[PDB]
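Using the sequences and the hints given, assemble the complete structure.
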Amino acid sequence: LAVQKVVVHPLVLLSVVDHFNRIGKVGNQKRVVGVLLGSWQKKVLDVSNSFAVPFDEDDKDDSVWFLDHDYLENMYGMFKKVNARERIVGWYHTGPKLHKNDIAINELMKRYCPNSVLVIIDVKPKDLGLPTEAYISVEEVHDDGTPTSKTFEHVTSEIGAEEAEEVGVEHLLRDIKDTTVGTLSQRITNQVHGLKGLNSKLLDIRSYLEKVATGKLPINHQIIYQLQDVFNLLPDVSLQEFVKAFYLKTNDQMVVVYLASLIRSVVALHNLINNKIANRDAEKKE
Amino acid sequence: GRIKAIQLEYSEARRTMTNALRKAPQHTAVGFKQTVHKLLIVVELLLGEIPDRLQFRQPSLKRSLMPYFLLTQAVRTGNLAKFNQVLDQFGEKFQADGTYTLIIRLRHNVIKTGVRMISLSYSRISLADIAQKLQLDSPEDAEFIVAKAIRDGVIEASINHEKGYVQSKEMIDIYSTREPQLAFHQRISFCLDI
Amino acid sequence: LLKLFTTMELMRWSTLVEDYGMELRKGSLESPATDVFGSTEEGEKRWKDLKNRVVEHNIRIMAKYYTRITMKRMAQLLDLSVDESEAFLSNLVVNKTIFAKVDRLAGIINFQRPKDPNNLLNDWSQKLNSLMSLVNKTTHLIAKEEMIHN
Amino acid sequence: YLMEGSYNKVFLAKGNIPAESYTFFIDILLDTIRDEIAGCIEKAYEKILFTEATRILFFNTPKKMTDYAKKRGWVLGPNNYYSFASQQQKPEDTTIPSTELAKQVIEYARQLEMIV
Amino acid sequence: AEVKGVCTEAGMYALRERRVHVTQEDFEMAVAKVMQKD
Amino acid sequence: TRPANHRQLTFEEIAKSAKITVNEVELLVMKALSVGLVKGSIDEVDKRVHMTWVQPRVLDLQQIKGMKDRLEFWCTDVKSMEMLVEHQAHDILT
Amino acid sequence: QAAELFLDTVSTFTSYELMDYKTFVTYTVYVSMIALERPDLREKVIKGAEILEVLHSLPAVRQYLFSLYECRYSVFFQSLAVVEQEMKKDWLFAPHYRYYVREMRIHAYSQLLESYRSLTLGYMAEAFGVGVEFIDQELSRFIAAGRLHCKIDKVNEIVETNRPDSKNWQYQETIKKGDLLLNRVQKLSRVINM
Amino acid sequence: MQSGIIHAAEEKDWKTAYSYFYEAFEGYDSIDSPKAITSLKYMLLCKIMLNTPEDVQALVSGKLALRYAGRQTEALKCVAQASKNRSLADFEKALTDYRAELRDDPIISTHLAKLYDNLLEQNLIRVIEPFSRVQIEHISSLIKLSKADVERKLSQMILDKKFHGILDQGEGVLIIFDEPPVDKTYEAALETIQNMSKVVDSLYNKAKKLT
Amino acid sequence: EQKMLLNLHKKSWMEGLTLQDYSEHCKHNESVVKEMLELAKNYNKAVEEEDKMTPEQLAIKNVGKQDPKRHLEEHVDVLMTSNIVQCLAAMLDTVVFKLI
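Listed in order, the protein sequences are those of chains Z, V, W, d, C, a, Y, X and c. Residue numbers for the first sequence follow the authors' numbering, so the first one is 4 and each next one is one higher. Residue numbers for the second sequence follow the authors' numbering, so the first one is 293 and each next one is one higher. Residue numbers for the third sequence follow the authors' numbering, so the first one is 305 and each next one is one higher. Residue numbers for the fourth sequence follow the authors' numbering, so the first one is 235 and each next one is one higher. Residue numbers for the fifth sequence follow the authors' numbering, so the first one is 357 and each next one is one higher. Residue numbers for the sixth sequence follow the authors' numbering, so the first one is 283 and each next one is one higher. Residue numbers for the seventh sequence follow the authors' numbering, so the first one is 196 and each next one is one higher. Residue numbers for the eighth sequence follow the authors' numbering, so the first one is 212 and each next one is one higher. Residue numbers for the ninth sequence follow the authors' numbering, so the first one is 213 and each next one is one higher.
By construction, these hints were calculated from the structure, which means they are not laboratory data. Just so it is clear, CB atoms sit at the ideal spot from N, CA and C, and this is done for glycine as well. Be a bit skeptical, because a hint or two may be false.
Unchecked claim - Think about it this way: if two alpha-carbon atoms lie no more than 20 Å apart in a straight line, the pair counts; the simulated DMTMM-like pairs of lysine to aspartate or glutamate are:
#1 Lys247/Z to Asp360/Y
#2 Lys296/V to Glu336/V
#3 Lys100/Z to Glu161/Z
#4 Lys226/X to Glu381/C
#5 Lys247/Z to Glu462/V
#6 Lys325/X to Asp301/X
#7 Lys103/Z to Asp61/Z
#8 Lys405/W to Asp301/X
#9 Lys371/Y to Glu462/V
Said to hold, decoys possible - Here are a few chain X residues that sit away from chain W, every Cβ distance over 10 Å (derived from the structure):
#10 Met212
#11 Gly238
#12 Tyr239
#13 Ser241
#14 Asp243
#15 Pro245
#16 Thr263
#17 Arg278
#18 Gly281
#19 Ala300
#20 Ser343
#21 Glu362
#22 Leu370
#23 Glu398
Claimed, not checked - Cβ-to-Cβ under 7 Å is the rule here; a few derived chain Y residues that face chain X:
#24 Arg233
#25 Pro234
#26 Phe272
#27 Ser310
#28 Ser361
#29 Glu368
#30 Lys371
#31 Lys372
#32 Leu376
#33 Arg379
#34 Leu383
As structure tokens, this is what we get:
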């Protein structure tokens, strides 16, 4: 598509959290909507700044909703004056999930940026996933004969920071971020998080299939098509060829680990030699 | 280690005797070194492994380990006649050394190694030829001897009673198994321990 | 005819002659034939090269789909004799055009290369990477269904 | 003889016992050998003939095979051949011990990081 | 110096023939070049 | 119909189920492979066809229920190792 | 290492205080046949102009060298016996005269079996001018030692060659040579503590 | 020119022999000598004996060699084509069409026996390349030589490690093997163990002397 | 806000289970082990040199010259995490992604 990846900077996250807090203070809000500002680099978006815009929606009817687009233009001229390289690249809303009227709001957002990217920034601190979920409006041409509709296609999101933005973040995370853990421990924690993330994704599919079985939602026939590919891609680890290759590759890495451990032990012995020489020399003169 | 050796716990005996040599004095206690070396050689032969050739080269151990050096040579060839010749020659020395009982148990090990090379060298070997190579009494006795070796995992082979030969199994690619990982694991974990 | 050399399927040389041979060599009064496969010496050489391209296209098709085929089956499918088809395959193998190992005693052609352990695990790894992306993509597809039907 | 596998000499040891008191313990030991040597046959022999095992099992009466066969559960074949096809239960290299492997490699990371 | 230069030129002739060891011909060709030519 | 472990169709099964000559089985697989209906390969020497992928099809509620049951075992396996790595590497886990 | 160093100085030899040039070339040929592969032997020794000139005056050494290269195994074995006695009386080669001749016999057996899928015991015996039993004992000893990649079918007297991968041979040395390293590390830590 | 001839006669490296013929060609070419074509012949012969027949066509196409384009250049260009195609039949056809220009030249004639042997290896390798297990009689038919000659050469090729395979005398089949390359990681690991063992020896002297 | 900023550089769950390319992993295994071959050879020289060398040059002589011991540790540390993570990830993916 037109966007390969969306990079959301920590300033946007803090601005979105603050935006939800200040308006949420005066009145209980389902969500707050703002405008995302950033630059374009190849096909990866670089969302770096955002400002709040007035917004309200009636819960009963998705059709009734107001976005102060005159405020949107007025505030853009502010940010363009300070930073001309930050242009409107989409919008954001803090609702935990997508809303039915989001495709309607995007059309209002689309006239300022034709390839508008909606990034859902969850204020609630989710334990596993990233708070940002980037979407883009595309034309889903169905093969069932149903007329083409406007749907949000998910775009991979990543939280990256500018050099100066990273400097402030580490200042704010100085006490709680524990950098003493080694690289090897960090990767294993990533693997544990990968297992947790995969498990959560699989429960979401299982929950969807459970509701489909009991009739809560009908058969999509695109998820089921996708699901057959998922289970078909499940490799058979019991094949003799794969097992022999796995054993052959595992033993190849083990000897390198063995060589590295062998070098480590004697280097450790060299350090112990120097320590005892230093200790013996120090006590001899004293 | 001597206790474990008598109780047929050779694997744990070898670890302690090897450890005993390490913690022995580096320049003195020669007599202790000779006693442990003599017992470690038998335990190593009893376990089916091989004694280190270097220990027979030392000036102090050369005279003492010579009867055991000839014993190791006899066990290595897997020949009963060569093993027995050492017994009728160094029997009194082993008795005066307190190791005669463990040498007697080496007769089963001499059979074990000799069968192992027969399977390792011959794809299909007649039972009569096995008896000749192991200097057994008759091919029918070698029939049970090889049969127990197959069930014990000593050699992977099969016996054709009607034809009268033993067919050794095709050697499997050992690197495509978990054995290299297991050998490395006991070596990797020891390096990390140091 | 051009579509036939585009389709990823076997084409029989005999079928080509009885379906397009007249329209290419002699042609028709309504649509005159080009000098490409004329009756001259140059045209005859180009006709033979057309047969070479047909059997080369067939071996190319025969290498993508088959893992093991018989020399007897290849010769039948190439509209060639056993020796000619083996000679034609051998030339392609030498020129590194198509990988093929011929077990002439068993009459077996082996189109699959010796599988490296790295290749086996990389294919396994690529399956997991596509599987994980499909799982993520399925979840987003599930999310849209929840929004519309809630 | 028992440890080396000379099962034929174990039976011959009955005749040459040092004293008449020795007879009892021979009988108990001989029952163990009979089950043991049959265990050798299943893993060593892929196929043996019915009376070919008579001198192997040291059975006098051929009927004494029949009751022992069903106790051992030996499948008698049409050609008087005992088929011992049981090596298919290999060490099961078909399965990679991922859990055991993952436990070991994790322990290496512990010895590299948990030290501090 | 001329004798020393003859040896150095002798090694050059081995390099010109991509040889590792200097042969007697190389010394003779070096003598002709250093003395007669120069 | 067949599971992923037993997707090695012989030439006879394809010939019998499609009412075609065994010699015509080979051309049939080409059309399926070329068009994209199935993914796989043909082993002419062994007269077996190694299908690895099929076009996804419309599935009934019962088939979806069986699919969900497969996720139950899949989720259990992922959770089991998640606890295994967490328990074994608890000291070094960040 | 001896073959590599000798071959670099086969055209620059001036160390006459150690040996005569003919003796140097004789040793250079000897170490080359045991340490060089067949392609390296042809380029350096067989086609070496410096060695070939000297070999004109040493017919026995040239006969010994060319018999193995030209696959005259009966000739080579006769020359190998001659080299044995020369090596036994040499103060440099005396400790290794048993090792070299054993290794040379392994080279000849492997070279004959390298190009053939299977050879009968009689053909091997005829080629080397020895009996069938001698080939049987020699091949069985070397196969059991892991030096020959073949197995003997004594029932039919056929020797079937194998092709074990270099990975297995590389794995065993890492286990072997790595173990030697570990004992030094293990023993060095023992000296450190006390 | 004479320096190259003796250098080629003593079967030394042909790169130096080519260089001497190269300078001999330029000197003869500059003065417009009838002998420049003769030096042109041996310049191409050296390239063929260097197992680089592709350079022969480039040399003849050069501006200096365009003037000498004739039967002598044709004789070696076609022989280089035989080596380039690894065809022994072309070599005999080349040796017949240009027998006067090839078999009668004393310098070329003495090296034809070695060229025949060199091309036999290349043609044999080309013949058995598309095979994994092939009858010797089929190799003999394709190579147009005797079965015994093919079998003897193949065994000698196996011994020389020119190709990986074994000879089955019982069935007359050559089994070509797709060997894997040696694992340099294990090779580097083995030398690292050897090199790092010397470190322990160095640490041993440091341990005992200072304690 | 502090938890929100913790999502910076938080790697996706796909990356944790993603296995590195085995061709490049083996080449990296190959190259680094070859690097220790030279470093070990230089490491031996460093041990003898420092024995006969004055305590004023324990560090001055180390300026401008590479330390084989320091680079050997870095290569060992890099290789140990590269192979252990690849092995563990391969083992986890064996049961997590299983056909049965």
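Worksheet item: Which numbered hints turn out to be false for this structure?
Response: 8, 9, 20, 26, 30
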